[PDB]
Amino acid sequence: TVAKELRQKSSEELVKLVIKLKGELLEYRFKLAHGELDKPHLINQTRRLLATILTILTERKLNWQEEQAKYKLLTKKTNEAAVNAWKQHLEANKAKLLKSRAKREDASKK
Amino acid sequence: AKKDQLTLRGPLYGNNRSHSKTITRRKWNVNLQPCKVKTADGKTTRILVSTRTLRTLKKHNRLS
Amino acid sequence: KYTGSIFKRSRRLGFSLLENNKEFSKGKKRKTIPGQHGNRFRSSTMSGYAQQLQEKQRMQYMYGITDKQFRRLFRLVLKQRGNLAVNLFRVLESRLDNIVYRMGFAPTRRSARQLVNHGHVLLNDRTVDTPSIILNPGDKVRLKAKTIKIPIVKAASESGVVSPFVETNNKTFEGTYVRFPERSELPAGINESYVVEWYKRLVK
Amino acid sequence: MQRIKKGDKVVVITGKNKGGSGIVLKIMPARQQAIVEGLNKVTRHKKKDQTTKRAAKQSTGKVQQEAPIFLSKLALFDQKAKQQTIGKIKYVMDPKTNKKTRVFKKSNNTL
Amino acid sequence: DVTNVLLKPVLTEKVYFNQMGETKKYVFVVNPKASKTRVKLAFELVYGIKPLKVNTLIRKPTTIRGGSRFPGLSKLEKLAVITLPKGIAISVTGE
RNA sequence: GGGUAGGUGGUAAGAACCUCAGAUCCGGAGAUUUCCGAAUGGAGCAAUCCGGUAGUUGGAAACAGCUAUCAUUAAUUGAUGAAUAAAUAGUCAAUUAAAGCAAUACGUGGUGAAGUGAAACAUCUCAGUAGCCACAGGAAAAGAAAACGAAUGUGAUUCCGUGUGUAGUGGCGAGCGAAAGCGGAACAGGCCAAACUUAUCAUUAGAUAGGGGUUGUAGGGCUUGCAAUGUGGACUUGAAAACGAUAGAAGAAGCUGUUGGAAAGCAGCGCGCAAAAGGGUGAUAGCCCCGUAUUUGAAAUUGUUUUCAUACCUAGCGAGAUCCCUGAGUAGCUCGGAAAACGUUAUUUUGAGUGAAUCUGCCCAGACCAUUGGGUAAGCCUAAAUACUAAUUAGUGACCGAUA
RNA sequence: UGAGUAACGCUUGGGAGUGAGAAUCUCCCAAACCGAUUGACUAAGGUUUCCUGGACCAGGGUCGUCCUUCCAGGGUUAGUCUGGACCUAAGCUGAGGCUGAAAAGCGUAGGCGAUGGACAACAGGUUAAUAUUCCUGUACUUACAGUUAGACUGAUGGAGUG
Ligand SMILES: [Mg+2]
Ligand SMILES: [Mg+2]
Ligand SMILES: [Mg+2]
Ligand SMILES: [Mg+2]
Ligand SMILES: [Mg+2]
Ligand SMILES: [Mg+2]
Ligand SMILES: [Mg+2]
Ligand SMILES: [Mg+2]
Ligand SMILES: [Mg+2]
Ligand SMILES: [Mg+2]
Ligand SMILES: [Mg+2]
Ligand SMILES: [Mg+2]
Ligand SMILES: [Mg+2]
Ligand SMILES: [Mg+2]
Ligand SMILES: [Mg+2]
Ligand SMILES: [Mg+2]
Ligand SMILES: [Mg+2]
Ligand SMILES: [Mg+2]
Ligand SMILES: [Mg+2]
Ligand SMILES: [Mg+2]
Ligand SMILES: [Mg+2]
Ligand SMILES: [Mg+2]
Ligand SMILES: [Mg+2]
Ligand SMILES: [Mg+2]
Ligand SMILES: [Mg+2]
Ligand SMILES: [Mg+2]
Ligand SMILES: [Mg+2]
Ligand SMILES: [Mg+2]
Ligand SMILES: [Mg+2]
Ligand SMILES: [Mg+2]
Ligand SMILES: [Mg+2]
Ligand SMILES: [Mg+2]
Numbered sequence: 002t003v004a005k006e007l008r009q010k011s012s013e014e015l016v017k018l019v020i021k022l023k024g025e026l027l028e029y030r031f032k033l034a035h036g037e038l039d040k041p042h043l044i045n046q047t048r049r050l051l052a053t054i055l056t057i058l059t060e061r062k063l064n065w066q067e068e069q070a071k072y073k074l075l076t077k078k079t080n081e082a083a084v085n086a087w088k089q090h091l092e093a094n095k096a097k098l099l100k101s102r103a104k105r106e107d108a109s110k111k
Numbered sequence: 002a003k004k005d006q007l008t009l010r011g012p013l014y015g016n017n018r019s020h021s022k023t024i025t026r027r028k029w030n031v032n033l034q035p036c037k038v039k040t041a042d043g044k045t046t047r048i049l050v051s052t053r054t055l056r057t058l059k060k061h062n063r064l065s
Numbered sequence: 002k003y004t005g006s007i008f009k010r011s012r013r014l015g016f017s018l019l020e021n022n023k024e025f026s027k028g029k030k031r032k033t034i035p036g037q038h039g040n041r042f043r044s045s046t047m048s049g050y051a052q053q054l055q056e057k058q059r060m061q062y063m064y065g066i067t068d069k070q071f072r073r074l075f076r077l078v079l080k081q082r083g084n085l086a087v088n089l090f091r092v093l094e095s096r097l098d099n100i101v102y103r104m105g106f107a108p109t110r111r112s113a114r115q116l117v118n119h120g121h122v123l124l125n126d127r128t129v130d131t132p133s134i135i136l137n138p139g140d141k142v143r144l145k146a147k148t149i150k151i152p153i154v155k156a157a158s159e160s161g162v163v164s165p166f167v168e169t170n171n172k173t174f175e176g177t178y179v180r181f182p183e184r185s186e187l188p189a190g191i192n193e194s195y196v197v198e199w200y201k202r203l204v205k
Numbered sequence: 001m002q003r004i005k006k007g008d009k010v011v012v013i014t015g016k017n018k019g020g021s022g023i024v025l026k027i028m029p030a031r032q033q034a035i036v037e038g039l040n041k042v043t044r045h046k047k048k049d050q051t052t053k054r055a056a057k058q059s060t061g062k063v064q065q066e067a068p069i070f071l072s073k074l075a076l077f078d079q080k081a082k083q084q085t086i087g088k089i090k091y092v093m094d095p096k097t098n099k100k101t102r103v104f105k106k107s108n109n110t111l
Numbered sequence: 002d003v004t005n006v007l008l009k010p011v012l013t014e015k016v017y018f019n020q021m022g023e024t025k026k027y028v029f030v031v032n033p034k035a036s037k038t039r040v041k042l043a044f045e046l047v048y049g050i051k052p053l054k055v056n057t058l059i060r061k062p063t064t065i066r067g068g069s070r071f072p073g074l075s076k077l078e079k080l081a082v083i084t085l086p087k088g089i090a091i092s093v094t095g096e
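Chains as they are written, first to last, in UniProt numbering: chain D, 2 to 111; chain G, 2 to 65; chain C, 2 to 205; chain U, 1 to 111; chain X, 2 to 96.
Because the hints were derived from the structure by calculation, they are not lab data.
Some hints could be false.
Here are the computed distance ranges between Cβ atoms for each label pair [stated by the list, open to error]:
| # | chain 1 | residue 1 | chain 2 | residue 2 | range |
| --- | --- | --- | --- | --- | --- |
| 1 | G | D42 | C | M47 | 55 to 63 Å |
| 2 | C | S48 | G | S21 | 52 to 60 Å |
| 3 | C | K32 | G | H61 | 34 to 42 Å |
Computed, partial: chain X to chain D, Cβ under 7 Å [to be verified]:
| # | residue |
| --- | --- |
| 4 | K9 |
| 5 | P10 |
| 6 | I89 |
Straight-line Cα separation of at most 27 Å, DSSO-like style, residue types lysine-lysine; simulated pairs [what the hints assert, rightly or not]:
| # | chain 1 | residue 1 | chain 2 | residue 2 |
| --- | --- | --- | --- | --- |
| 7 | U | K57 | D | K40 |
| 8 | X | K41 | D | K23 |
| 9 | D | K17 | X | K41 |
| 10 | X | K9 | D | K32 |
| 11 | D | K100 | X | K54 |
| 12 | U | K90 | U | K106 |
| 13 | X | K9 | D | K78 |
| 14 | X | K25 | D | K88 |
| 15 | D | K32 | X | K25 |
| 16 | X | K87 | D | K88 |
| 17 | X | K51 | D | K73 |
| 18 | D | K78 | D | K88 |
| 19 | X | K51 | D | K77 |
| 20 | C | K23 | G | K3 |
| 21 | C | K9 | G | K4 |
| 22 | G | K59 | G | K4 |
| 23 | C | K23 | G | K37 |
| 24 | X | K15 | D | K32 |
| 25 | U | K53 | D | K40 |
| 26 | D | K97 | X | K54 |
| 27 | X | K25 | X | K87 |
| 28 | C | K9 | G | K44 |
Every residue gets a Cβ at the ideal spot worked out from N, C-alpha and C, and that includes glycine.
Could you put together the complete structure from these sequences and hints?
Okay, here's the thing in structure tokens:
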């Protein structure tokens with residue numbers, strides 16, 4: 002029943018489906034680990050649909066990891082705060098580095 | 002092992018009968034004697050063989 | 002038990018003894034062996050009996066029999082009244098599958114036997130699965146209805162062709178007979194009676 | 001097919017309850033049981049347990065529920081017939097819809 | 002890459018003691034066959050902030066439910082301690 | 001495919017879902033199948049560690065993901081190539097097979113004791129048993145007479161009964177014990193070498209690939225004719241049909257009263273049967289339920305048999321020539337052993353030595369010679385009857401019923 | 001039955017508290033022994049016996065509200081520490097190969113094999129349980145890329161040191 006609709010779908014859309022369901026499965030398991038999953042059956046439904054998608058993708062002599070590795074889209078949003086913290090951390094590290102080298106150098110000159 | 006390389010005939014185990022018919026297991030060994038032959042362009046290769054194959058080798062003109 | 006290297010030893014001699022016994026030249030003969038064996042015969046000079054022996058093979062083959070079963074049937078008929086050269090003919094022709102093939106609903110005798118064994122065959126005072134029961138001259142052999150439910154029908158036609166000692170009505174699937182086959186209906190493929198005297202020597 | 005389904009009217013033919021009319025709410029095929037409402041009312045001695053948000057109250061006194069009954073003791077109830085009676089059923093296949101339907105053998109009533 | 006090496010986050014007193022005071026330290030359970038680099042890569046592809054360093058713990062199996070009619074052993078756990086840079090604190094739940 | 005109205009494996013209630021676009025469940029066919037383990041990239045203290053190579057994606061590279069491959073031996077082929085000119089050894093690469101396990105069971109072969117008995121013990125027995133090892137197979141082994149054996153005789157092998165505890169063999173002691181014949185189960189006989197001939201190899205062939213041949217009342221080859229186009233196989237591909245195996249469908253007949261907690265017991269009056277096997281249902285049910293007898297059904301996989309065609313094999317009786325071929329370190333013999341019932345001996349086998357002949361030939365018929373007769377060694381393959389049950393289905397038991 | 005007998009396997013007093021119940025549990029004050037050790041750190045081994053809370057079926061040679069017992073939860077953070085990714089000793093394995101009825105034995109090249117050799121982090125603080133590992137402070141080592149300046153680079157082999 003569900004497999005027929007998936008059979009009509011192409012391969013590229015199917016690997017998009019598998020990566021999206023993998024992410025949702027991770028989120029469901031994390032929410033369950035925080036005791037915030039009201040519906041505990043969606044984990045099983047996700048895994049069965051994931052298993053079914055693997056069956057249709059393995060019917061054709063095609064993999065699921067390599068095909069998405071060939072073409073993909075990058076990430077976004079999680080960049081601004083990240084670069085702020087890294088810039089802050091490296092500036093402090095270089096400041097400490099500069100202070101140490103100065104202290105050693107002026108000490109050796111004296 | 003103590004066996005010919007041309008054929009596969011090996012030792013023969015039997016009894017050592019003496020007076021009073023006392024039984025003791027003994028071993029007959031084949032006469033492995035070195036021999037050189039000419040095969041495949043006359044290539045000489047020392048081969049430990051039984052005297053019987055050596056007599057067989059001598060009559061068959063191989064040994065020259 | 003090492004690097005025996007059959008090339009090393011075989012070429013080592015090129016004739017010797019073991020090579021020639023083994024000589025890879027060894028062909029297949031996978032048809033010479035079977036076929037000639039198959040089955041033979043002919044007549045010879047020193048024993049005479051050669052003619053009798055060959056006739057037995059033909060006779061036994063005509064009905065697809067193993068020699069042991071034949072010895073049983075001969076033992077049965079041997080003892081009775083007298084010169085029974087009229088009895089054993091009825092006995093040899095009383096096979097149910099033989100009657101089924103002679104009845105005309107099978108293309109060949111062995112196919113009829115297969116049918117009989119596969120449970121196509123309905124009898125009178127009984128029913129039948131084994132294709133070896135010895136039948137009585139005046140017996141009926143009503144054919145099943147499932148067989149007609151599998152129309153291959155081609156058979157019914159052969160039935161009418163028939164031979165005079167069997168009376169069978171086509172399509173209606175029924176059969177019986179009387180006036181057991183005379184020697185005319187047992188053609189010259191096998192028509193002799195000194196194989197009969199031979200079986201008294203081999204079978205008491 | 002099945003002799004007893006979830007929903008059809010049924011009566012009891014043996015035991016204390018004779019002519020005990022009820023509606024089957026659920027069928028356990030493995031244990032050959034059948035829960036019929038209004039019959040075999042048992043009253044478990046309800047304890048008190050408080051270990052959950054709902055268990056903080058869990059008000060349970062003399063709750064009378066339904067005990068399962070062996071499917072052999074059950075018999076289908078006729079409704080179409082003017083004189084209702086207890087009988088056995090067939091498994092005829094009508095070619096109109098090619099679906100199996102139960103029919104009584106002492107009458108001609110479907111299901 | 003496949004991100005099966007991030008099974009479940011764990012929250013204890015030690016974890017909450019670390020998850021305060023500037024740099025936060027988040028403790029997850031990971032694939033026992035995974036390496037530190039795989040843990041960092043999984044965190045890269047699913048959260049977006051590079052860990053400052055990663056520490057690993059292996060908890061050995063021990064007998065559990067001792068004395069019960071059928072005794073059983075524990076399960077092998079590998080713990081991972083991610084530490085994000087100064088001033089960044091992301092939520093484990095909510096994406 | 002079957003099959004439904006329930007399902008989410010047991011200790012197991014509850015929470016939360018799925019399910020009439022046909023769920024769960026059963027059957028057939030597939031997909032995925034972590035690590036160790038023959039384990040086989042290298043190692044290693046099993047389920048661990050450390051990699052190489054060729055790709056591909058990120059990185060500025062180290063690097064990190066995602067794939068495939070990388071053991072050894074044997075055979076074939078190709079390349080390269082030492083001492084040493086050639087050539088090999090060796091080296092490399094490719095392809096094809098082998099590794100291991102189990103059925104506390106059957107087979108073959110090698111090796112192979114002792115307790116014990118003989119009222120001691122050494123010959124002997126135990127026993128070619130236990131054990132160890134190698135190789136299988138679904139059975140294996142054996143197998144088509146250089147045979148039995150004493151006759152106007154039988155005519156591969158295997159297995160059962162008898163012959164009989166007989167002839168014999170035994171410190172003639174303990175003991176051991178056939179081979180003929182007869183009655184049965186099953187039955188099947190084939191194929192190479194050599195002659196002769198064809199083609200090719202610096203044709204020194206003495207080698208390769210073909211035609212011809214497979215024997216004993218001798219066969220075959222050489223030359224010359226007649227009759228033959230068939231019958232049959234241990235046989236290849238296909239097509240068709242039948243009988244099954246792996247899920248299932250249908251499947252008759254009862255109420256009343258009484259004791260009783262409860263009827264199915266008991267009693268009254270009935271009913272069905274190709275179903276009175278069994279199980280359950282609050283006691284002991286042919287008619288309450290599931291079933292059973294009986295009639296049936298398979299999309300898919302698989303087994304047996306048959307028919308048709310189709311490759312591949314398969315064929316008689318004469319004449320003349322008097323020529324050729326018929327399995328050699330072989331059969332015999334000697335020295336030590338063994339197998340057969342036999343404690344070594346006519347027959348079979350072999351560790352050492354020696355060593356023949358070629359149908360007017362050779363072997364055999366319990367030393368041996370002659371006559372008579374039987375059979376054709378030193379080449380190969382062979383179904384069936386025979387041995388066993390770890391497993392699958394159905395079933396049975398004057399077998400057990402928690403110390404059995 | 002012996003028999004409620006032998007035995008209960010080196011260490012005191014008191015005050016307060018908990019508790020239904022205290023010579024045996026908690027706290028305090030003493031007291032007595034160890035003090036080249038009954039003190040502290042670890043190897044091997046043990047394998048959760050470690051921390052918190054609860055319980056007193058069973059076990060504790062008595063008792064027990066208590067336990068190294070049981071239940072539930074938690075606890076072990078490394079470029080620098082101990083070992084691999086480095087090296088070898090005794091020894092093991094060991095393609096080829098030799099030997100041997102079979103199984104196998106020996107053994108070359110290679111590979112393993114520390115109890116040895118080489119290798120960069122110290123001080124303090126923090127939790128009930130981890131700390132050269134977490135935190136603070138100050139350091140060091142090895143790789144890769146870019147860059148600046150100088151220089152010709154020099155091993156699978158030889159030699160010295162080790
Ligand atoms: Mg002895
Ligand atoms: Mg660590
Ligand atoms: Mg279906
Ligand atoms: Mg003895
Ligand atoms: Mg004795
Ligand atoms: Mg065989
Ligand atoms: Mg049914
Ligand atoms: Mg019925
Ligand atoms: Mg009954
Ligand atoms: Mg002789
Ligand atoms: Mg003997
Ligand atoms: Mg002769
Ligand atoms: Mg001959
Ligand atoms: Mg027992
Ligand atoms: Mg007991
Ligand atoms: Mg006592
Ligand atoms: Mg007492
Ligand atoms: Mg006393
Ligand atoms: Mg006393
Ligand atoms: Mg005392
Ligand atoms: Mg004490
Ligand atoms: Mg004391
Ligand atoms: Mg002191
Ligand atoms: Mg101490
Ligand atoms: Mg414990
Ligand atoms: Mg404690
Ligand atoms: Mg406590
Ligand atoms: Mg106590
Ligand atoms: Mg540090
Ligand atoms: Mg090492
Ligand atoms: Mg060390
Ligand atoms: Mg501590």
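Evaluated hints:
At roughly 58 Å, the beta carbons of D42 of chain G and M47 of chain C sit within the given window of 55 to 63 Å. The supplied range of 52 to 60 Å is met by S48 of chain C and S21 of chain G, whose beta-carbon atoms lie about 59 Å from each other. Judged by the Cβ atoms, the range 34 to 42 Å given for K32 of chain C and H61 of chain G holds: they are separated by roughly 36 Å. Hint status for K9 of chain X: holds, given a least beta-carbon distance of 4 Å to chain D, under 7 Å.
Hint status for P10 of chain X: holds, given a least beta-carbon distance of 6 Å to chain D, under 7 Å. At its closest, the beta carbon of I89 of chain X sits 4 Å from a beta carbon of chain D; the interface hint therefore holds under the 7 Å criterion. For the hint pairing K57 of chain U with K40 of chain D, the CA-to-CA distance comes to about 25 Å; that is within 27 Å, so the pair holds. Taking the CA atoms of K41 of chain X and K23 of chain D, the gap is about 18 Å. The hint holds against a cut of 27 Å.
Distance restraint check for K17 of chain D and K41 of chain X: the Cα-Cα separation of roughly 24 Å lies within the 27 Å cut-off, and the hinted pair is therefore satisfied. Between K9 of chain X and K32 of chain D the alpha-carbon distance is near 9 Å, which keeps this suggested pair within the 27 Å criterion. Between the alpha carbons of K100 of chain D and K54 of chain X the distance comes to roughly 24 Å, so the proposed pair stays at or under 27 Å and holds. Distance restraint check for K90 of chain U and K106 of chain U: the Cα-Cα separation of roughly 10 Å lies within the 27 Å cut-off, and the hinted pair is therefore satisfied.
A threshold of 27 Å between alpha carbons decides the hint, and for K9 of chain X with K78 of chain D the separation of about 24 Å falls inside it, so the pair holds. A threshold of 27 Å between alpha carbons decides the hint, and for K25 of chain X with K88 of chain D the separation of about 17 Å falls inside it, so the pair holds. Pair hint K32 of chain D plus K25 of chain X holds up; C-alpha atoms about 20 Å apart against a cutoff of 27 Å. A C-alpha spacing of about 10 Å is found between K87 of chain X and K88 of chain D, which places the hinted pair at or below 27 Å, so the restraint holds.
At roughly 21 Å between alpha-carbon atoms, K51 of chain X and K73 of chain D fall within 27 Å of each other, so this suggested pair holds. A distance of roughly 17 Å separates the Cα atoms of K78 of chain D and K88 of chain D; the hinted pair therefore holds under the 27 Å criterion. Between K51 of chain X and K77 of chain D the alpha-carbon distance is near 14 Å, which keeps this suggested pair within the 27 Å criterion. For the given pair, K23 of chain C sits about 24 Å from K3 of chain G by alpha-carbon distance, which is consistent with the 27 Å threshold.
Of the pairs offered as hints, the one joining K9 of chain C and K4 of chain G holds, with about 16 Å between alpha carbons and a cut-off of 27 Å not exceeded. Using a Cα cut-off of 27 Å, the hinted pair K59 of chain G and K4 of chain G holds, with the two alpha carbons roughly 20 Å apart. With a C-alpha separation of about 24 Å, the suggested pairing of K23 of chain C with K37 of chain G holds against the 27 Å cut-off. The straight-line distance between the Cα atoms of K15 of chain X and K32 of chain D is roughly 21 Å, inside the 27 Å bound, and the hint therefore holds.
Only pairs whose Cα atoms come within 27 Å are accepted, and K53 of chain U paired with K40 of chain D is accepted, the gap being roughly 18 Å. Distance check on the hinted pair: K97 of chain D and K54 of chain X sit about 19 Å apart at the alpha-carbon level, within 27 Å; holds. Taken as a hint, the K25 of chain X and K87 of chain X pair is honoured in the structure, with Cα atoms around 8 Å apart against an allowance of 27 Å. Under the criterion of a C-alpha separation no larger than 27 Å, the hint pairing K9 of chain C with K44 of chain G is consistent with the structure, at around 12 Å.
In summary, this structure violates none of the numbered hints.
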